[PDB]
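A.B. asks: Next come the chains, spelled out residue by residue.
2 protein chains.
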Amino acid sequence: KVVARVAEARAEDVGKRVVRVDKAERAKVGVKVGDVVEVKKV
Amino acid sequence: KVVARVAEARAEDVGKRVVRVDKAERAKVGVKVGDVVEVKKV
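So the protein lines, in turn, are chains A and B. The first sequence begins at 1 in this note's numbering and counts up by one. The second sequence begins at 1 in this note's numbering and counts up by one.
If you're looking for bench data, these hints aren't it; they were derived computationally from the structure. Watch out, some of these pointers could steer you wrong.
A pair counts as met if it fits within one copy or between any two copies, since identical chains are not told apart.
Below 27 Å or equal to it, Euclidean Cα-Cα: the simulated DSS-like pairs (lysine-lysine) are [said to hold, decoys possible]:
{"hint": "1", "residue 1": "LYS32", "residue 2": "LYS16"}
{"hint": "2", "residue 1": "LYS28", "residue 2": "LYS1"}
{"hint": "3", "residue 1": "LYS1", "residue 2": "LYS23"}
{"hint": "4", "residue 1": "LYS28", "residue 2": "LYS16"}
The shape of chain A in the complex, shown without the other chains:
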């Protein structure tokens, strides 16, 4: 799996169904900005 540590949202991002992921993780997951992902408990 592609695994990451959870951090809180920036203030301007509060209230969005959005996750901010840097380009290296996006490349490992196989997604681009705008794509939909599942965020799943490990």
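Using the hints provided, position chain B relative to the given structure of chain A.
C.D. replies: Same frame as chain A, but now just chain B:
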């Protein structure tokens, strides 16, 4: 599943194995800040 739209990282967050998730999504996923999650292609 708990599903979210992918957005790019803020500049200060580039190069981290971190995903920023707001409190509502953290509550739905069942995790707290510092927890490890999987980010999975849908």
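A.B. asks: Taking the hints in turn, state whether each one holds.
C.D. replies: Now for the hints, and whether the structure bears them out:
For the identical chains of this complex, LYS32 and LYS16 are neighbours both inside a copy (18 Å) and across copies (17 Å), given an alpha-carbon limit of 27 Å. In this homomeric assembly, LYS28 and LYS1 come within 27 Å of each other (Cα to Cα) both inside a single copy, at 9 Å, and across copies, at 20 Å. In this assembly of identical chains, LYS1 and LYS23 lie within 27 Å of each other by CA distance both inside one copy and across copies; the values are 16 Å within and 23 Å between. Taking the shortest alpha-carbon separations for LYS28 and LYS16, both the intra-copy value of 23 Å and the inter-copy value of 13 Å come in at or below 27 Å.
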